[PDB]
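First, one chain by itself: the form solved without adenosine-5'-diphosphate, in structure tokens.
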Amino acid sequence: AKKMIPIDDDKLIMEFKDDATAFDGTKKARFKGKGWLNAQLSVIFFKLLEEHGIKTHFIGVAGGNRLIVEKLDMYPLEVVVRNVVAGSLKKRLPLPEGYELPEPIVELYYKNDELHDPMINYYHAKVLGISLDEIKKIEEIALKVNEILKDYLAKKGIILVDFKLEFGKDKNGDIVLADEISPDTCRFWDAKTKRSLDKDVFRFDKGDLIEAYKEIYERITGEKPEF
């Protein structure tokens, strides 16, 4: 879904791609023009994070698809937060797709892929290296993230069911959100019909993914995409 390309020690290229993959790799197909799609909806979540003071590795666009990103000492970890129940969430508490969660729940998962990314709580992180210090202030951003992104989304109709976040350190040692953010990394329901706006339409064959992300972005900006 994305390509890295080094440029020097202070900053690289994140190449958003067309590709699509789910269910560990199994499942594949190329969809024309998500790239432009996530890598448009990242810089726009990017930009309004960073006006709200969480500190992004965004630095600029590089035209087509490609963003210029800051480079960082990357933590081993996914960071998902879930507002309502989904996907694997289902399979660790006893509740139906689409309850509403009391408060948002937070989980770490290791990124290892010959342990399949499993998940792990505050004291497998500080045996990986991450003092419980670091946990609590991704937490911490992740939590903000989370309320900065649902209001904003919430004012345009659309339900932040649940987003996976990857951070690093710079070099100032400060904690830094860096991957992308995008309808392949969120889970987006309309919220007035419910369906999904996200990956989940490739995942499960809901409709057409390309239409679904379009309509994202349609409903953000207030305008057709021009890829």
The other form holds:
Number of protein chains: 2
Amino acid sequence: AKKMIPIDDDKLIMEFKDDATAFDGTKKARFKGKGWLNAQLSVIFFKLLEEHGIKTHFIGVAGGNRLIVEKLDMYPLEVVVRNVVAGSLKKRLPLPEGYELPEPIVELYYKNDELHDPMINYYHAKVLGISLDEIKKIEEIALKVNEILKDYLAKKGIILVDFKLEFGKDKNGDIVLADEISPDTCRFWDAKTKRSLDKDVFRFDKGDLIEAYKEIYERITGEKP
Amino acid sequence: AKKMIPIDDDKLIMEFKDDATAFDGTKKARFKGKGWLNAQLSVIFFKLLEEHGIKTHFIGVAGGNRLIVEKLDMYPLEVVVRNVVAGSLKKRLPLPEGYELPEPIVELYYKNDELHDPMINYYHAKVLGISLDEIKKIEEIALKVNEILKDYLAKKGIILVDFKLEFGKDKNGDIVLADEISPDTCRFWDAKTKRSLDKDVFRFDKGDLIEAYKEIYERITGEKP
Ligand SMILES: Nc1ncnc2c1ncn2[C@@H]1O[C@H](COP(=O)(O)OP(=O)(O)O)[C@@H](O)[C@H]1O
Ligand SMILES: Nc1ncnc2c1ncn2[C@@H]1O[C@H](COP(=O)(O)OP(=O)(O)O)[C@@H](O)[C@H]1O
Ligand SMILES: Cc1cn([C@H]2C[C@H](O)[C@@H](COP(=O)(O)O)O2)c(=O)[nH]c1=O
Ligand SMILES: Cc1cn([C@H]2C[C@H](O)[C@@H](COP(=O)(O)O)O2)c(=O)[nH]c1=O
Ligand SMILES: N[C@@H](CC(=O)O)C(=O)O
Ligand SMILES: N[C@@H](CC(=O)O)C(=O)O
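The structure above corresponds to the form solved without adenosine-5'-diphosphate; please give the structure of the form deposited with adenosine-5'-diphosphate bound next.
Every component of the complex follows; first up is the chain already shown.
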């Protein structure tokens, strides 16, 4: 769903593609316009977060589906924040889809193809070279990101169910939010109907992906795509 | 592999059976004498730990395969401490069987049949009603148990590879070590040959289980069963 093109030493191009995959890449389709939607929405979220004092890798836009971002030394993690029970969480807790959590859950996943991104804890992370201090800073940022995104979306009648973040280290050794934030990497439910406005539409054939992504875009920006 | 028989309000009987199961109970066999070996070895480990200031549920012995233990409000957890890469850890870290960890790993598993004992972290635990303070005390005890067992066994030419503990709360709200500690719930390797003296012998047909358990017993006690 994304291509990364180096520029110099400091920055690279992050290009969003129309490709979609699910179930460990076993399900595939292409959706015209998805790259554009995901690019734009990432820009809006990064800008929101930056205003709130979150260090992100966003530098600028390079026309269309491409963003200019800061090159980072990436942590091999997917950091998942969860507010409402959905997806894989139903296999860890005996709780129904839609259950409102008493407080957010943060999950760590090790980004590894050989192993299919297994869940890990702080101890595995330490073995992978990530200190407890670093994990703690990462979860602190993720939880702050959760607060900002969920408040901002709740005002627009969207429940932030759960979402995935990734992080890297900059040249000062600061922890910087990286990758993307889009309906590919979040669960968004309509506050009223509880219906998915995200990649779950493609994952489980809940309707047309592009329509759902357009709706999200419109409900956030007030403008048509 | 064990039966629990209530006595009064304060205590129950923990009886060790000759039954063995593996792979989520799908593989089954019976080994004459296993109950006795596991009972005795649990007694030896609990006594060792008690001398070292670990609060356990051990009260006494009730002849043969039965122990008298303190009734506790059990945490729904299996707490796994790991020193050497083996078993399921090979699916979380790209490291070979026998890799020596730079420091111990503690893993939490939610004791739940519906869900087949999934791994969890501190956040899931909080949702299950287990405070961060409690998790922290539990991991502190487990790591202390690790130190004592590994030192004690290393002197006898046995590597403590990994092991599983369980815990409950007593009437004072103290966290007490519970269940069993036996070759069913630990990995024990000969320091020289690196060969299994534990349930892995049954799990993977590495030889005769009873012989392996007898050997452990003999190497710990200096006496024949
Ligand atoms: N600022 C950055 N600097 C360096 N690498 C990044 C940055 N942001 C994202 N990446 C990495 O680029 C890759 C993006 O490709 P892709 O596999 O499509 O995304 P992901 O796997 O993260 O969903 C990922 O490995 C991601 O960690
Ligand atoms: N001191 C104790 N008080 C109350 N329950 C206990 C105590 N020690 C162990 N138990 C519980 O008794 C059960 C033992 O049965 P079994 O299923 O054979 O063992 P386990 O499932 O723990 O391997 C477990 O649910 C265990 O948590
Ligand atoms: C598995 C996976 C989930 N996610 C996101 C989608 C969901 O919003 C959230 C939790 O997903 P899960 O329910 O599959 O664990 O993380 C990704 O962005 N990439 C992935 O590869
Ligand atoms: C799965 C499981 C493991 N264990 C023990 C055996 C191993 O010593 C240790 C780690 O096992 P694992 O490698 O299967 O995760 O925990 C149990 O006692 N009971 C169990 O049900
Ligand atoms: N459906 C997942 C892939 C997976 O389950 O591995 C996704 O978000 O792409
Ligand atoms: N083999 C495991 C069972 C499992 O894998 O679920 C055991 O220790 O009994």
